[PDB]
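Colleague: Letter by letter, the chains look like this.
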Amino acid sequence: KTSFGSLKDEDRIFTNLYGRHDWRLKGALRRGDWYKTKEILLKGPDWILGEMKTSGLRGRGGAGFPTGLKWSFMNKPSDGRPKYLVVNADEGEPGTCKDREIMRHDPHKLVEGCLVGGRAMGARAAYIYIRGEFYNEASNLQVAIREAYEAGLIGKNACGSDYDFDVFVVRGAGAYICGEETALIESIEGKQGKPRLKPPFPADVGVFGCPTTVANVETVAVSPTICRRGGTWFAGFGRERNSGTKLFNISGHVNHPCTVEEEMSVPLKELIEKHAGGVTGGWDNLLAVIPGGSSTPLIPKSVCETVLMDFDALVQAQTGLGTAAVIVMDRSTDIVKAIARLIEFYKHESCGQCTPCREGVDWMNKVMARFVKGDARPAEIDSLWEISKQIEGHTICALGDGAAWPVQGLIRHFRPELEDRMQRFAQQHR
Amino acid sequence: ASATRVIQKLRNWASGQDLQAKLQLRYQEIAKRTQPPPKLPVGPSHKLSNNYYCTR
Ligand SMILES: Cc1cc2nc3c(=O)[nH]c(=O)nc-3n(C[C@H](O)[C@H](O)[C@H](O)COP(=O)(O)O)c2cc1C
Ligand code: SF4
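Chains as they are written, first to last, in PDB author numbering: chain 1, 9 to 438; chain r, 1 to 56.
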């Protein structure tokens, strides 16, 4: 199929996204969950990993790495140490709400995916590191986990199989950087949320020094339905190498900001006009869009006209598909102030380990504040571009890249706006 | 500069050359000792961009 979108409700993988249909275990069994899971576990780890590889599911964390290959990193025999699955329920990126929605409205999908992924890797426990601000979501997840333990779906007989698994929930304490892979591992281990270098990879040294695999909530939540319904089906959705369904959050200046499940490779304009009710004032009033959450740069209306919603499509459009969090800005907004607020966010949420990210993102925050006021000079635009290029690729984790990229997008597209602000400031202060 | 016409004529004739045009005592044509403040220019490599030290 050349065109994508208009996903069928019977093909929606995240039924009960809107809080109906009794999120507890009885409603999960009515909607279809924990079905043939014993058959899946007895079918075994190699079959599950081959199912993931044939489905072609990619990380849904924003990373974009092939889930099947990443999970098949740990198909080794035993070492002496246990193995762990870790789920990232931190969801700290601006624009992103999908993990919160699925944890509070269909948590048994997350629990079943923890069990299936833990069996696929070969493991004894899944630590769900949830965000600290999601107290009600964490309590609902604990209610679901207690119901699964009472039903015998976890612990000493995984759904009647001879596999032993445990599911723990550990809450954060308010750090966006703890959504990172190794920083989350450190936060579980009880230190500060500072990411560690790679190598060693988490598949060799993770939490407590054990082989671990860190996976997104949406990834593990679509995992057991991928195993159950094939994977050729999941690859049938979406384009080549960008396959399946995706939870798009749409926020900002849209008529109905909402979280909706939609097929991959759907047009941005089609997605907004079909699910968000359109831009406030119209598609002509649309100025810019951030398609990923906050780590991805801007795309203006001109390229937003025809862009698709793939990793490859946004890479071609000099952006990325991160958490699929379409932030929409119409013409009646301060785009420089929005980008400066994003740099404020990255300055406040930097963990402070690397000198590049630490000092450079503080520097970016000050330069962007002066850009918003107008008291800069047009040479400082290229100076800020070089500061961004110095930050990017020179840090331990990708928060430095995710702070450099919105600056690069703003400089790339809305440079006459910055120059206009500077000349207006200069002529009004002289 | 403060010499009579007869003495100037005698000096010019004795020297063979005109002396009042190029006399070796400085009176007023020199610069004032108090000068306005300068504003010295910055040279190249003050560019704030495309100015890595490894390229120069
Ligand atoms: C600063 C930073 C914040 C991140 N926050 C999250 C987050 O909130 N949730 C998430 O699932 N991944 C987050 N990630 C990306 C993780 O590296 C990625 O999700 C993790 O490797 C799980 O892989 P997956 O996408 O294949 O499931 C973040 C990365 C960085 C650098
Ligand atoms: S890039 Fe920033 S947030 Fe990431 S490890 Fe370095 S100092 Fe910490």
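Calculated from the structure, these hints are not laboratory results.
Hints are supplied without guarantee of correctness; some may be wrong.
Here are the computed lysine-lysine pairs in the DSS-like style, where the Cα-Cα straight-line distance is at most 30 Å [as the list claims (entries may be wrong)]:
1) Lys199 (chain 1) with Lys46 (chain 1)
2) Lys397 (chain 1) with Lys32 (chain r)
3) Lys47 (chain r) with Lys345 (chain 1)
4) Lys206 (chain 1) with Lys16 (chain 1)
5) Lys374 (chain 1) with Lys47 (chain r)
6) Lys39 (chain r) with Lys355 (chain 1)
7) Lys47 (chain r) with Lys381 (chain 1)
Colleague: With reference to the structure, classify each hint as holding or not holding.
Modeller: Here is what the structure says about each hint:
no. : hint                                  : result
1   : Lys199 (chain 1) with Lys46 (chain 1) : 37 Å, violated
2   : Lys397 (chain 1) with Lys32 (chain r) : 52 Å, violated
3   : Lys47 (chain r) with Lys345 (chain 1) : 27 Å, holds
4   : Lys206 (chain 1) with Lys16 (chain 1) : 41 Å, violated
5   : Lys374 (chain 1) with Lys47 (chain r) : 20 Å, holds
6   : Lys39 (chain r) with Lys355 (chain 1) : 38 Å, violated
7   : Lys47 (chain r) with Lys381 (chain 1) : 23 Å, holds
Hints 1, 2, 4 and 6, counting from the list given before, are not met by this structure.
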